[PDB]
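Peer 1: Chain by chain, the residues run as shown.
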Amino acid sequence: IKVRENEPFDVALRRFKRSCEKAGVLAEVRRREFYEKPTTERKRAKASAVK
Amino acid sequence: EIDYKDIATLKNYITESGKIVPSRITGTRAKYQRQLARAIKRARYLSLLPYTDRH
Amino acid sequence: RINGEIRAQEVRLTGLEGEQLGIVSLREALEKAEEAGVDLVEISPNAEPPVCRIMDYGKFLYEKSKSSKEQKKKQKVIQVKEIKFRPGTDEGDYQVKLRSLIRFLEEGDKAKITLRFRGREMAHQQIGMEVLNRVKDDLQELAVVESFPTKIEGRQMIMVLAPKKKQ
Amino acid sequence: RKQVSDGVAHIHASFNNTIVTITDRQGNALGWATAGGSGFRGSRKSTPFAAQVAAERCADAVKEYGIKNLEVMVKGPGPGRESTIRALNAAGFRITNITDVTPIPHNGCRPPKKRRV
RNA sequence: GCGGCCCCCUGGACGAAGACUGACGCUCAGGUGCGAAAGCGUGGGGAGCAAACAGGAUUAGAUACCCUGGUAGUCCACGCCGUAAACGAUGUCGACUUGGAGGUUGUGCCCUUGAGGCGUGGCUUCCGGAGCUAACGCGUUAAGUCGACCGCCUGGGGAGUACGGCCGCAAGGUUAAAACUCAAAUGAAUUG
Numbered sequence: 004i005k006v007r008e009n010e011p012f013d014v015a016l017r018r019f020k021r022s023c024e025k026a027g028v029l030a031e032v033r034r035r036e037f038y039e040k041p042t043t044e045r046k047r048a049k050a051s052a053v054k
Numbered sequence: 020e021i022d023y024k025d026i027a028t029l030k031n032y033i034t035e036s037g038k039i040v041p042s043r044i045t046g047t048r049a050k051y052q053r054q055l056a057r058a059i060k061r062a063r064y065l066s067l068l069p070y071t072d073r074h
Numbered sequence: 014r015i016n017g018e019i020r021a022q023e024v025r026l027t028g029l030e031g032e033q034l035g036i037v038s039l040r041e042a043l044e045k046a047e048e049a050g051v052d053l054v055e056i057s058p059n060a061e062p063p064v065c066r067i068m069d070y071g072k073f074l075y076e077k078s079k080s081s082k083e084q085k086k087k088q089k090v091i092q093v094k095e096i097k098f099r100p101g102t103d104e105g106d107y108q109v110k111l112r113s114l115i116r117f118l119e120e121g122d123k124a125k126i127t128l129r130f131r132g133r134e135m136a137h138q139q140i141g142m143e144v145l146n147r148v149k150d151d152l153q154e155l156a157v158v159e160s161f162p163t164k165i166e167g168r169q170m171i172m173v174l175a176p177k178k179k180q
Numbered sequence: 013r014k015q016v017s018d019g020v021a022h023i024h025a026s027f028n029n030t031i032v033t034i035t036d037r038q039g040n041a042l043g044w045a046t047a048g049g050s051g052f053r054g055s056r057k058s059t060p061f062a063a064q065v066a067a068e069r070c071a072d073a074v075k076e077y078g079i080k081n082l083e084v085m086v087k088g089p090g091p092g093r094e095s096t097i098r099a100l101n102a103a104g105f106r107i108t109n110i111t112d113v114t115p116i117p118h119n120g121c122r123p124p125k126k127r128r129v
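Residue numbers (the UniProt record's numbering), protein chains in the order written: chain A, 4 to 54; chain B, 20 to 74; chain C, 14 to 180; chain D, 13 to 129.
Quick caveat, the hints were computed from the structure, so don't treat them as lab data.
Cβ atoms here follow ideal geometry from the backbone N, Cα and C, with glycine treated the same way.
Do not take every clue at face value.
Said to hold, decoys possible - Here are the simulated DMTMM-like cross-link-like pairs (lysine to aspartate or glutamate), alpha carbons at most 25 Å apart as the crow flies:
no.: 1; chain 1: A; residue 1: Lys5; chain 2: B; residue 2: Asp22
no.: 2; chain 1: D; residue 1: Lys75; chain 2: C; residue 2: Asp69
no.: 3; chain 1: B; residue 1: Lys50; chain 2: B; residue 2: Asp22
no.: 4; chain 1: B; residue 1: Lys30; chain 2: A; residue 2: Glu44
no.: 5; chain 1: D; residue 1: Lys80; chain 2: C; residue 2: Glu47
no.: 6; chain 1: A; residue 1: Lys5; chain 2: D; residue 2: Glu94
no.: 7; chain 1: D; residue 1: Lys75; chain 2: C; residue 2: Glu159
no.: 8; chain 1: A; residue 1: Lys5; chain 2: A; residue 2: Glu24
no.: 9; chain 1: C; residue 1: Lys79; chain 2: C; residue 2: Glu55
no.: 10; chain 1: D; residue 1: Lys14; chain 2: C; residue 2: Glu41
no.: 11; chain 1: D; residue 1: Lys80; chain 2: C; residue 2: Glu154
no.: 12; chain 1: C; residue 1: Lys45; chain 2: D; residue 2: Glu68
no.: 13; chain 1: D; residue 1: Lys75; chain 2: A; residue 2: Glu8
no.: 14; chain 1: C; residue 1: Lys164; chain 2: C; residue 2: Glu120
no.: 15; chain 1: D; residue 1: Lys14; chain 2: A; residue 2: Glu44
no.: 16; chain 1: C; residue 1: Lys45; chain 2: D; residue 2: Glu76
no.: 17; chain 1: C; residue 1: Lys178; chain 2: C; residue 2: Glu159
no.: 18; chain 1: C; residue 1: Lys72; chain 2: C; residue 2: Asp106
no.: 19; chain 1: C; residue 1: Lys123; chain 2: C; residue 2: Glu76
no.: 20; chain 1: D; residue 1: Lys126; chain 2: A; residue 2: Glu8
no.: 21; chain 1: C; residue 1: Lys149; chain 2: C; residue 2: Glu104
no.: 22; chain 1: B; residue 1: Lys60; chain 2: A; residue 2: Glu44
no.: 23; chain 1: D; residue 1: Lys80; chain 2: A; residue 2: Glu24
Claimed, not checked - Derived, one-sided and incomplete: chain C residues facing chain D with beta-carbon distance under 10 Å:
no.: 24; residue: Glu47
no.: 25; residue: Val51
no.: 26; residue: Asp52
no.: 27; residue: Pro63
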């Protein structure tokens with residue numbers, strides 16, 4: 004995740020690595036633990052976005 | 020194919036971090052990526068490519 | 014006042030161990046604080062001379078914060094208490110309410126009571142005053158009256174009791 | 013003083029925290045600042061304007077040395093993380109690195125559960 | 001119910017041709033074993049957070065919804081416990097009956113000549129013919145037409161309790177209780 008960022012850009016341009024790290028999942032597990040539920044929530048975008 | 024000694028060729032299928040690229044992007048057959056992932060993990064054990072690129 | 018915000022010509026500076034340093038230039042104190050690698054806090058700017066206390070920044074910060082915080086928790090533990098009373102009282106739920114009320118009062122919390130009168134009591138205020146007296150009658154040595162009701166505000170009553178303090 | 017052109021800027025943007033700390037290789041104290049120390053008690057400490065004011069606060073606390081560039085230890089997806097760097101990178105100096113050092117633990121520990129809201 | 005990489009045993013599954021046994025098959029009352037997590041017994045550990053518990057804020061509040069600590073506990077060793085929305089809310093086995101779009105797995109050939117057709121199995125989703133249903137829907141893996149054999153249902157509450165028995169010291173688990181009460185509890189579908 005170590006990159007040699009320079010002056011002009013000043014913002015972001017690390018979307019791929021930020022998505023790879025994905026602190027959201029650790030933030031969510033920080034509060035409550037489930038082990039089961041996300042399986043039901045998925046398989047809906049692919050099923051719906053077809054025509 | 021069944022080989023594992025093409026780390027240069029293998030490097031194309033890893034991220035800059037070396038992370039495991041799903042076939043959704045590459046489009047390879049599942050059988051192939053299975054052996055590819057095995058080879059990648061074994062190479063990681065041999066420290067040819069790191070666990071992650073920040074090491 | 015921090016750094017250059019200090020404007021008093023003469024200030025009272027005291028050492029870390031409490032020695033009397035007298036009135037000295039602010040430059041030396043600022044240099045000592047900067048070498049002390051932490052931030053600078055002034056306590057009383059309005060005093061002439063302003064009083065300055067030097068101690069390592071958040072060590073002293075959160076020590077005094079601890080003192081104030083424990084003094085805040087010195088106040089009685091606050092839940093909120095309110096149980097209504099109705100003249101249309103039955104046999105045992107009367108005792109249920111009485112036990113709840115005495116349980117909350119023994120907790121040593123502030124008083125908060127609302128009492129609803131059943132319907133047409135505005136022309137029959139006699140029953141209301143009698144049941145209030147019976148509350149006093151059932152709390153002769155158990156509760157103390159602070160104000161005596163004479164006026165009816167809508168269908169409820171505004172009245173505040175006081176806690177029994179051992180004096 | 014004693015320009016070396018390499019150092020460390022530890023920054024950690026949390027929900028109620030955002031800080032900047034400046035040090036060289038060894039780690040004798042050089043500079044740091046806290047948003048909570050800047051005020052903003054309550055839900056204001058990590059807010060972007062408080063974030064950036066603490067950022068130029070730390071920057072000013074460390075402008076005395078005049079070295080050219082350092083590394084930035086980017087940490088914490090808490091509120092801010094951009095107004096902080098935006099106030100920092102605007103210092104005019106060169107920047108060397110942006111690194112999200114926040115580790116990726118892999119089944120590390122069970123975290124708390126109580127909070128309903 | 002099962003996911004990093006190594007080393008020992010391995011019911012399966014299908015494709016190929018061949019081979020020899022010659023009905024040797026299905027359900028299986030009781031009977032036998034396995035069996036989510038929690039929990040209970042003797043040995044080590046607590047990074048983990050949380051049962052109780054400790055400090056705070058809180059409205060009509062009832063230890064409450066959030067904060068900081070926190071014991072068992074979860075992990076290996078042996079035993080017990082055998083229940084769960086243990087549901088695809090569909091007992092097991094075999095035979096027949098429109099069509100399409102999938103992935104996934106394999107052999108055969110011919111252009112593998114790239115990423116074509118062929119016959120493959122097992123599942124997968126979307127469909128939807130007929131038909132079946134009160135409808136919802138189901139719909140070659142039928143809730144379609146049949147066959148063979150077990151299990152189970154007979155208004156609601158009373159009530160999975162009364163007792164007895166059985167098994168487990170332990171928590172409890174299976175078999176099943178009337179008197180009384182009701183005229184109903186229902187299931188699918190139309191307007192705010």
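Peer 1: Give a verdict on every hint.
Peer 2: Status of each hint after checking the structure:
This hinted pair does not check out: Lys5 of chain A and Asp22 of chain B have alpha carbons roughly 31 Å apart, beyond 25 Å. Of the supplied pair hints, the one linking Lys75 of chain D and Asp69 of chain C holds, its CA atoms being roughly 22 Å apart against a limit of 25 Å. Taking the CA atoms of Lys50 of chain B and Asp22 of chain B, the gap is about 13 Å. The hint holds against a cut of 25 Å. The straight-line distance between the Cα atoms of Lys30 of chain B and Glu44 of chain A is roughly 35 Å, outside the 25 Å bound, and the hint therefore fails.
Our distance criterion of 25 Å between C-alpha atoms is met by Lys80 of chain D and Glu47 of chain C, whose separation comes to about 21 Å. The hinted pair formed by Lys5 of chain A and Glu94 of chain D meets the criterion: a straight-line CA distance of about 18 Å does not exceed 25 Å. Of the pairs offered as hints, the one joining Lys75 of chain D and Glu159 of chain C is violated, with about 65 Å between alpha carbons and a cut-off of 25 Å exceeded. Between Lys5 of chain A and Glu24 of chain A the alpha-carbon distance is near 12 Å, which keeps this suggested pair within the 25 Å criterion.
Note on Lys79 of chain C and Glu55 of chain C: the hinted pairing holds, with a Cα-Cα distance of about 19 Å set against a maximum of 25 Å. A C-alpha spacing of about 23 Å is found between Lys14 of chain D and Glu41 of chain C, which places the hinted pair at or below 25 Å, so the restraint holds. A hinted pair counts as satisfied when its Cα atoms are at most 25 Å apart, and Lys80 of chain D with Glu154 of chain C does not qualify at roughly 80 Å. Between the alpha carbons of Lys45 of chain C and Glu68 of chain D the distance comes to roughly 23 Å, so the proposed pair stays at or under 25 Å and holds.
Among the hinted pairs, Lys75 of chain D with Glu8 of chain A is consistent with the structure: their alpha-carbon atoms are about 21 Å apart, no more than 25 Å. Our distance criterion of 25 Å between C-alpha atoms is broken by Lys164 of chain C and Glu120 of chain C, whose separation comes to about 30 Å. With a C-alpha separation of about 58 Å, the suggested pairing of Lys14 of chain D with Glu44 of chain A is violated against the 25 Å cut-off. The suggested pairing of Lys45 of chain C with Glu76 of chain D holds, with an alpha-carbon distance near 15 Å, which does not exceed 25 Å.
The hinted pair formed by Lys178 of chain C and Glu159 of chain C meets the criterion: a straight-line CA distance of about 13 Å does not exceed 25 Å. The straight-line distance between the Cα atoms of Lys72 of chain C and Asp106 of chain C is roughly 55 Å, outside the 25 Å bound, and the hint therefore fails. For the given pair, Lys123 of chain C sits about 31 Å from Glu76 of chain C by alpha-carbon distance, which is inconsistent with the 25 Å threshold. Distance check on the hinted pair: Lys126 of chain D and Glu8 of chain A sit about 40 Å apart at the alpha-carbon level, beyond 25 Å; violated.
Distance restraint check for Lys149 of chain C and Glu104 of chain C: the Cα-Cα separation of roughly 18 Å lies within the 25 Å cut-off, and the hinted pair is therefore satisfied. Our distance criterion of 25 Å between C-alpha atoms is broken by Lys60 of chain B and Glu44 of chain A, whose separation comes to about 31 Å. Straight-line distance between C-alpha atoms of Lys80 of chain D and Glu24 of chain A comes to about 30 Å, which puts the hinted pair past the 25 Å bound. Of the supplied interface hints, the one on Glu47 of chain C holds, with its beta-carbon coming within about 8 Å of a beta-carbon of chain D, less than 10 Å.
Satisfaction of the interface hint for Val51 of chain C is found here, the shortest Cβ-Cβ separation to chain D being roughly 9 Å, below the 10 Å cut-off. Hint on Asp52 of chain C holds. Least Cβ distance to chain D is approximately 6 Å, under the 10 Å limit. Here the hint on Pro63 of chain C is broken, as its CB sits about 20 Å from the closest CB of chain D, past 10 Å.
Checked against the numbered hints given earlier, the structure breaks hints 1, 4, 7, 11, 14, 15, 18, 19, 20, 22, 23 and 27 and satisfies all the rest.
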